[PDB]
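On the provided structure of chain A, position chains B, C and D with the ligands as indicated by the hints.
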Amino acid sequence: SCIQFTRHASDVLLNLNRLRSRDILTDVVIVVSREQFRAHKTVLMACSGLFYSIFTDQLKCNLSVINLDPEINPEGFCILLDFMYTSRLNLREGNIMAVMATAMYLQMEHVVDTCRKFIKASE
Amino acid sequence: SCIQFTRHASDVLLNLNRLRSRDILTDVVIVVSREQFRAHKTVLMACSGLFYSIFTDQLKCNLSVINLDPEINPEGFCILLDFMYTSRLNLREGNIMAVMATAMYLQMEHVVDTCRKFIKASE
Amino acid sequence: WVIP
Amino acid sequence: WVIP
Ligand SMILES: CSc1ncc(Cl)c(Nc2ccc3c(c2)CC(=O)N3)n1
Ligand SMILES: CSc1ncc(Cl)c(Nc2ccc3c(c2)CC(=O)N3)n1
Ligand SMILES: [Cl-]
Ligand SMILES: [Cl-]
Ligand SMILES: [Cl-]
Ligand SMILES: [Cl-]
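Protein chains in written order, with this note's numbering: chain A, 1 to 123; chain B, 1 to 123; chain C, 1 to 4; chain D, 1 to 4.
Keep in mind the hints are simulated off the structure, nothing from the lab. Hints are not guaranteed to be accurate.
To be verified - With a straight-line Cα cutoff of 20 Å, these simulated SDA-like cross-link-like pairs (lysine to any residue) come out:
| hint | chain 1 | residue 1 | chain 2 | residue 2 |
| --- | --- | --- | --- | --- |
| 1 | A | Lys-117 | A | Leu-91 |
| 2 | B | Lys-120 | B | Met-104 |
| 3 | B | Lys-60 | A | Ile-24 |
| 4 | B | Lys-117 | A | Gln-4 |
| 5 | B | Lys-117 | C | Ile-3 |
| 6 | B | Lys-120 | C | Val-2 |
Extracted from the complex, chain A is given alone in its bound form:
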């Protein structure tokens, strides 16, 4: 018999992005080919199968720095981190391959699906 507030989830995510932009309560640095990205472990886990696996690990859950595979492109990661905190994906002809490869590595199934569809349309 609950009532539901339609905009609540969007409002929560908007506030989480405001905390990220002001670097409030960020608890991890993700290192991608020397570029560094500060974020909230919980948001990373909520969006990515890879971060979910990393931060549920009894040793890795305590790490303040995570280094990604050197094949990961920092721009592709940045676009995906922005998507995690906003639901908006900056998908362009010039970045689609790097975004898809990064989303496959991060295990972000819905992003992988839209990249596959956009690539299939161009062939």
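The following block gives chains B, C and D with the ligands in isolation, referenced to the frame of chain A:
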């Protein structure tokens, strides 16, 4: 020129609630008249003007335990904490006064608004 | 607010 | 996915 994934914010919140239910990466205990509630500081801040003020304070941001005012009802708090993580509010004739009082104290403007409207309809 |  |  971004594309947007409609269900992303809802999916993020659903995963944050799964982490709460399994007590994963919870970093604060909220004490309400001896009852204890574990939660994520970022989610509390994203939902409440009171928690936002508390955890942006340079001394309080480091506290692992927060004690609420003794006038706060634990059931009212529990219903509001559930709403924070799900967008669903269990508003009933028997709890509406305690829920409204708790939402006013927590500074959850949209909850206060619906309680005021539901109370006005019953008079 | 809605009935979910 | 939509055009926001
Ligand atoms: C599976 S239970 C669960 N519970 C809590 C969290 Cl934080 C979580 N996240 C997560 C797991 C897998 C995947 C994603 C997020 C995005 C994706 O495409 N795959 N999962
Ligand atoms: C105002 S900028 C901002 N930036 C980040 C966060 Cl985490 C935040 N939360 C917050 C503040 C006030 C209120 C709420 C959340 C719910 C409500 O009714 N009032 N606000
Ligand atoms: Cl470390
Ligand atoms: Cl995704
Ligand atoms: Cl403490
Ligand atoms: Cl609210």
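Each hint, compared with the structure:
1. Restraint check for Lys-117(A) and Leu-91(A): satisfied, since their Cα atoms lie roughly 12 Å apart, inside the 20 Å limit.
2. A distance of roughly 16 Å separates the Cα atoms of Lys-120(B) and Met-104(B); the hinted pair therefore holds under the 20 Å criterion.
3. Proximity of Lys-60(B) to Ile-24(A) is assessed by CA-CA distance (about 13 Å); at most 20 Å being required, the pair is judged to hold.
4. For a cut-off of 20 Å, the pair hint linking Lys-117(B) to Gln-4(A) stands: about 15 Å separates their Cα positions.
5. For the proposed pair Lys-117(B) and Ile-3(C), the alpha carbon gap of about 15 Å is at most 20 Å, so the pair holds.
6. Among the hinted pairs, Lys-120(B) with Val-2(C) is consistent with the structure: their alpha-carbon atoms are about 18 Å apart, no more than 20 Å.
Violated hints are absent here; each numbered hint is respected by the structure.
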